[PDB]
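Asker: Residues per chain, in single letters:
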Amino acid sequence: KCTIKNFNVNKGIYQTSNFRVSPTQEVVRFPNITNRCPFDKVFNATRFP
Amino acid sequence: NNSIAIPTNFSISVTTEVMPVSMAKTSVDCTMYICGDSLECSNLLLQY
Ligand SMILES: *[C@@H]1O[C@H](CO)[C@@H](O)[C@H](O)[C@H]1NC(C)=O
Numbered sequence: 291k292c293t294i295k296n297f298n299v300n301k302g303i304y305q306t307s308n309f310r311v312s313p314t315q316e317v318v319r320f321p322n323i324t325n326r327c328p329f330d331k332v333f334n335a336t337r338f339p
Numbered sequence: 678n679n680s681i682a683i684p685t686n687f688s689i690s691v692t693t694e695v696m697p698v699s700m701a702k703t704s705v706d707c708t709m710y711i712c713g714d715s716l717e718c719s720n721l722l723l724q725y
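Protein chains in written order, with full-length UniProt numbering: chain H, 291 to 339; chain V, 678 to 725.
I should point out that these hints are in silico values taken from the structure, not numbers from a laboratory. We treat Cβ as the ideally placed atom computed from N, Cα and C, and that holds for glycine. Treat the hints loosely; a few may be bogus.
What the hints assert, rightly or not - Mimicking SDA-like on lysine to any residue, the simulated pairs with C-alpha atoms at most 20 Å apart in a straight line are:
(1) H/331 / V/725
(2) H/291 / V/719
(3) H/295 / V/725
(4) H/301 / V/720
(5) H/291 / H/303
(6) H/295 / V/724
(7) H/295 / V/709
(8) H/295 / H/314
(9) V/702 / H/311
(10) H/291 / H/311
(11) H/291 / H/308
(12) V/702 / H/304
(13) H/291 / V/680
(14) H/291 / H/305
(15) H/295 / V/707
(16) H/291 / V/702
(17) H/295 / H/308
(18) V/702 / H/305
(19) H/291 / V/684
(20) H/301 / V/725
(21) V/702 / H/303
(22) H/295 / V/722
(23) H/301 / V/691
(24) H/291 / V/705
(25) H/295 / H/307
(26) H/295 / V/720
(27) H/291 / V/725
(28) H/291 / V/707
(29) H/295 / V/702
To be verified - Chain V is faced by these chain H residues, among others (derived, beta-carbon under 10 Å):
(30) 302
(31) 305
(32) 306
(33) 308
(34) 309
(35) 311
(36) 312
(37) 315
Next up, chain H with everything else stripped away, as it sits in the complex:
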């Protein structure tokens, strides 16, 4: 009914779109790098050129 956009359906066969399955989980995978690069040195340096 949602595919044909109507409440009354005639007798026959019809192809239907996807309205059944929906995701419910989140999977995040990042590399395990722990070192913190300095934004206190490239930004707050001694003297910019």
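Go by the hints and put chain V with the ligand onto chain H.
Answerer: Quick look at chain V with the ligand alone, frame taken from chain H:
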């Protein structure tokens, strides 16, 4: 104006003729082609 040609013998010939009748039936889906598995794209597709 006074000569004719009348055949004295014959032959039986079998010839082949090929004719197409039908082709493949194709069904498409607007979902999982235009947007795929993406709810944000599917939300904007409801107006079409
Ligand atoms: C930069 O560092 C100096 C000392 O390390 C500090 O006095 C200054 O406030 C810093 N600049 C900023 C914008 O935080």
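Asker: It remains to establish, for every hint, whether it holds in the given structure.
Answerer: Verification of the hints:
1. H/331 / V/725: 53 Å, violated
2. H/291 / V/719: 18 Å, holds
3. H/295 / V/725: 12 Å, holds
4. H/301 / V/720: Given that 20 Å is the threshold and the Cα spacing comes to 30 Å, the pair is violated.
5. H/291 / H/303: Roughly 12 Å separates the two Cα atoms, so the pair holds.
6. H/295 / V/724: 13 Å, holds
7. H/295 / V/709: 19 Å, holds
8. H/295 / H/314: Violated: residue 295 of chain H and residue 314 of chain H sit about 27 Å apart, past 20 Å.
9. V/702 / H/311: 27 Å, violated
10. H/291 / H/311: Holds. Residue 291 of chain H to residue 311 of chain H sits at ~17 Å (cutoff 20 Å).
11. H/291 / H/308: 12 Å, holds
12. V/702 / H/304: 14 Å, holds
13. H/291 / V/680: Violated - the C-alpha atoms of residue 680 of chain V and residue 291 of chain H are around 80 Å apart, more than 20 Å.
14. H/291 / H/305: Cα-Cα ~11 Å, so holds.
15. H/295 / V/707: 14 Å, holds
16. H/291 / V/702: 23 Å, violated
17. H/295 / H/308: Holds: residue 295 of chain H and residue 308 of chain H sit about 14 Å apart, inside 20 Å.
18. V/702 / H/305: 13 Å, holds
19. H/291 / V/684: Violated, because 73 Å separates the two Cα atoms, which is more than 20 Å.
20. H/301 / V/725: At roughly 26 Å apart (the allowed maximum being 20 Å), residue 725 of chain V and residue 301 of chain H break the hint.
21. V/702 / H/303: 14 Å, holds
22. H/295 / V/722: Judged against 20 Å, a Cα distance of about 14 Å means the pair holds.
23. H/301 / V/691: 48 Å, violated
24. H/291 / V/705: 18 Å, holds
25. H/295 / H/307: With a Cα-Cα distance of about 12 Å, the restraint between residue 295 of chain H and residue 307 of chain H holds, given a limit of 20 Å.
26. H/295 / V/720: Holds, at roughly 16 Å.
27. H/291 / V/725: Answer holds: residue 291 of chain H to residue 725 of chain V is near 17 Å, not above 20 Å.
28. H/291 / V/707: 16 Å, holds
29. H/295 / V/702: 23 Å, violated
30. 302: 14 Å, violated
31. 305: For residue 305 of chain H, the interface hint holds, since the closest Cβ of chain V sits about 5 Å away, which is under 10 Å.
32. 306: It holds, given that the least Cβ distance between residue 306 of chain H and chain V is near 9 Å, below 10 Å.
33. 308: Residue 308 of chain H check passes; min Cβ-Cβ to chain V is 5 Å, inside 10 Å.
34. 309: Constraint on residue 309 of chain H satisfied, holds at 9 Å.
35. 311: 9 Å, holds
36. 312: With a closest approach of 8 Å, the residue 312 of chain H hint holds.
37. 315: Check failed: Cβ of residue 315 of chain H comes no nearer than 14 Å to chain V, outside 10 Å.
Checked against the numbered hints given earlier, this structure breaks hints 1, 4, 8, 9, 13, 16, 19, 20, 23, 29, 30, 37; the rest are met.
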